[PDB]
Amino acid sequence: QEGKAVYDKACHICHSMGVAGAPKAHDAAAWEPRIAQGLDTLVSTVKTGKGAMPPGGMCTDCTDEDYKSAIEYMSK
């Protein structure tokens, strides 16, 4: 899947406005410290969930590649 496609059907729900502290999409400054953790780490976190974010980020068919693509789209 394309990163933007994953975002538009799932991630945008909370990340478009940065609800409950979600790093806002296309906010490079907000995503920089999170990207710095390493993509492997971020993909793992999305799949297990983190606080207010539910495991999977409401994508029902996402591969690790899909998750990574989605993060890359949001991070700029």
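Only residues modelled in both forms are compared. Think of the rigid core as the biggest set of C-alphas that the two forms share within 1.5 Å after superposition. Residue numbers count along the first chain shown, from 1. Compared with the form deposited in another entry:
- Superposed on the core, the two forms barely differ at residue 68: its CA moves less than 2 Å between the two forms.
- Comparing the forms between the two forms, the C-alpha position of residue 10 differs by 2 angstroms or more, with the core used for superposition.
- After superposing the rigid core, the C-alpha of residue 20 moves by 2 Å or more between the two forms.
- Taking a Cα shift of 2 Å or more after superposition on the rigid core as the cut-off, the single stretch of three or more consecutive residues that moves between the two forms is 1 to 20.
Same protein, different state: after the form deposited in one PDB entry, show the form deposited in another entry.
This part shows the chain on its own.
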């Protein structure tokens, strides 16, 4: 594979300029628009990945309830 092609499909997700930051734990105001999407939508996004969040959120054995509880914890 071409170095730039590997970069353009995978490594750029985190190694490019202008990567979107994660909503930080206990930043209630940043979490409000996320929580408004609904917990089921947010849990699905953790499982499928988004931007610099890899699919599964680095939690190999997380249940849906584990993901929901972690989101609730971070949101306040």
